[PDB]
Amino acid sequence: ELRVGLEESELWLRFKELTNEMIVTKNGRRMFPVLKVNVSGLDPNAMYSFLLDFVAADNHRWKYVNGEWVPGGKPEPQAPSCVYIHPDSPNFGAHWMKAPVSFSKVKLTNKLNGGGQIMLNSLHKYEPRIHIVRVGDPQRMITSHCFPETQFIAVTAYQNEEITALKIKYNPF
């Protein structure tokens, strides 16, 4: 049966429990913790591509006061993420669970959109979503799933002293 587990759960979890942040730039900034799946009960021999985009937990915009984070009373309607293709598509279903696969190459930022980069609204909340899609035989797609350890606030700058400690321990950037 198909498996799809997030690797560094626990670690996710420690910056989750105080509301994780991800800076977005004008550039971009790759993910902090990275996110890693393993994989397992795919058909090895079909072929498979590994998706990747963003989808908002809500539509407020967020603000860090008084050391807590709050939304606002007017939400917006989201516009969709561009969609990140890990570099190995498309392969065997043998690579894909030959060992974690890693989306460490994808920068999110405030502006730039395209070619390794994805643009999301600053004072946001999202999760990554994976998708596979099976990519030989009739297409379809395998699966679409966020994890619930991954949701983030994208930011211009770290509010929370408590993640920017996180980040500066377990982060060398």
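For clarity, a rigid core is taken as the largest C-alpha set superposing within 1.5 Å between two forms. Numbering follows the first chain given and starts at 1. Compared with the form deposited in another entry:
After superposition on the rigid core, the C-alpha displacement between the two forms reaches 2 Å or more for just one residue among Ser40, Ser122, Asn27, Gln139, namely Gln139. Positional change of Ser89 between the two forms stays under 2 Å at the C-alpha, relative to the superposed core. Relative to the superposed rigid core, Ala99 undergoes a CA displacement smaller than 2 Å between the two forms.
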Contents of the next structure:
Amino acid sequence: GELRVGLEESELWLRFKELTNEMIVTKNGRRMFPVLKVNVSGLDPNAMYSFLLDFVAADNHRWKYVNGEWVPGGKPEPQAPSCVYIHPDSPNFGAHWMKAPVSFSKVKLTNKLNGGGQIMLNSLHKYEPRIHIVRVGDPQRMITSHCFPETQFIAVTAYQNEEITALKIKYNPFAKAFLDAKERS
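Form deposited in one PDB entry done, so how does the form deposited in another entry look?
Left out here are the partners and the other molecules; the chain alone remains.
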């Protein structure tokens, strides 16, 4: 159709996804890396929208890193998608959302109910980021949802795959101290 939400920097995302991506969750909440950013077109420049982010459980079980490989390791469990995170620019005009990429750089993932906007995930479960565009002031309350398969990841309390850790060190600026340390060897 006319509404288009495209993943930005999809090739960085794909490098993580080849290895099976992992996202740290902590007690106090952990930012994602890479950050989910999208390009939006086809909105009404003059309408009002809010952007929401939640995380759909990518399957019905859990996951285990056994001998350098991820292994389905659970008996089936229920349904729940996560709570929602509201993009901080919400609410805003379509034109604002279309002028630059919509970046969810401040969402924090956690493994505990204490949500200052934090998204509680279940460790060792796999998730698929999903973005909702909510039209504000609409008597029909129209909402459109987009999933981003290349951003799937497994929530962990510590990195399992050492190749993931290396990629995170390579590209996340807040991890630069470990990057420079590897270039020292």
